[PDB]
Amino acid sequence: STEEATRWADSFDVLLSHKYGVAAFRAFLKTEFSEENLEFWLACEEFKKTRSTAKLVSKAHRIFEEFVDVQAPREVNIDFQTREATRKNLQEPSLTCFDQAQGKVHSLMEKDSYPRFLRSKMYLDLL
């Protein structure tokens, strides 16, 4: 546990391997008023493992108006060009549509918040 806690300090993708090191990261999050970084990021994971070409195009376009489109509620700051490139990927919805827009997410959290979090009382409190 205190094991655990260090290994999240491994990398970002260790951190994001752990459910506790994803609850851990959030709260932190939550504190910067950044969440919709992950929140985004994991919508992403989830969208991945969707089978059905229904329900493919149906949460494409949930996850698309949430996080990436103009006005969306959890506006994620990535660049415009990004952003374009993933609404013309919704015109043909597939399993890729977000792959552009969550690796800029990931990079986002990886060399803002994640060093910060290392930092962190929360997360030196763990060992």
Given for the second form:
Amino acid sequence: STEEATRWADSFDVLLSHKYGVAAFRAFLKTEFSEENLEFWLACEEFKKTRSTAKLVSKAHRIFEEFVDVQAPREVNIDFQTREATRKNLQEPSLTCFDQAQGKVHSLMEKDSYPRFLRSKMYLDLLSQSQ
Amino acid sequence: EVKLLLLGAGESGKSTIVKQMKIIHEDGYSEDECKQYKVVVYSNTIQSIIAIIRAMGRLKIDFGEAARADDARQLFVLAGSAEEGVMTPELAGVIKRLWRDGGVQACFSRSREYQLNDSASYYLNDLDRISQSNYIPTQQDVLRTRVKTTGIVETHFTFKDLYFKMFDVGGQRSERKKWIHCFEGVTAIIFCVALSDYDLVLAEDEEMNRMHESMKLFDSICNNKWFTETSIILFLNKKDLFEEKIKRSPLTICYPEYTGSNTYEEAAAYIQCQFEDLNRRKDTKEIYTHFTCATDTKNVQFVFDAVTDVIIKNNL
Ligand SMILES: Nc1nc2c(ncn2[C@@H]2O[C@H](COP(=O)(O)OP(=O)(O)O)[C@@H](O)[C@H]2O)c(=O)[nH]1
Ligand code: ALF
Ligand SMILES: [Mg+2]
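Form deposited without the partner chain done; form deposited with the partner chain bound now:
Every component of the complex follows; first up is the chain already shown.
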């Protein structure tokens, strides 16, 4: 448990590769009102696993409506260039439709939220309680 | 207790004011903390030169020398090479040749026509220093870094026997639906405005003037019933960048009716007037305005001291 909790600090991507690291980071992001970033990122990971075209087209539309559109209830913080590229990609959806937007959101979490996670009371409690 | 909100549009200087509170009123930046910003300095540098190169297509600008074409290809391939915080001599040299190219510089001069970090030239002009294998970011290098804020971040610190509960937020349009969460029982707002925004467009809407956006947002905040009793402090920030820019880009871009001079004192004064005019309860409520350079510790310390005095005086 302590080796796993300490592994989350090795890099953001190592944190993301652990189910319990993802869950902890989610709880942390809720306290900072930025959990849409993680839920968008996870949605994109799931999208890339899709095996049928009808399923792919529907999920691309749902992800866009939920997270990417300017009126989206959980609109992610991405620039116009990134949002527009995504919009254009949605006309003929493929598995790389969200790559640009997902990369931007990954960078946003990695550089902003994740360093604060590693210094948080929440993470420090998890460490001290581990094992 | 003082609940203090740092508000303003994207890139206005909010988190930089937050860095200054750590420097002045909390624990400061240790060398180890500085070292943690190295990969950010590198990323900001690499992303900035990439942005200028990319824009050269939109802008119909050629390289001063043909040999830079291969440097540009090399830059794009290498762009990931420094994510572990090592700028290779190869990458360093590629960037140096591109930044010194006359086409690249012509594009840099026209950066209002695209999206470029304010600290781009700061870092690019210091490439020799920052590219050394032993490089440790200085405190000013840290202050100059660009990391976009998402969500709402609370910190605390003490000053003049007051306990400050400080809230830093994201400034982009997408973020602003979250701000209401922190609007209860607010003692003071520092509302940041990038003076140097007057000729830029929003990263999230490239057909919106950034200062016009800031005005709309200040209108909204200043007159919000949540803040009737809140001390409203206006930081007309990036005064240093504004001083330089005003000598080459006319204020009429933002305010077509302006008939004053394109000088720091007159143009700055006019912007102050435009923001202060948005107060629809002038008989009832003050705006406490300061011209700031958020990256200048001495300046922010002086201004924040003055601000604290206003808050004490307003809570007697
Ligand atoms: N030269 C200069 N740079 C500034 C000033 N204020 C902020 N910056 C820089 O502008 C960028 C955006 O600032 P930031 O605090 O991240 O904006 P925020 O989005 O409002 O938090 C950063 O790279 C800062 O270093 C200033 O007054 N002068
Ligand atoms: F653009 Al910001 F904090 F408003 F990074
Ligand atoms: Mg910020």
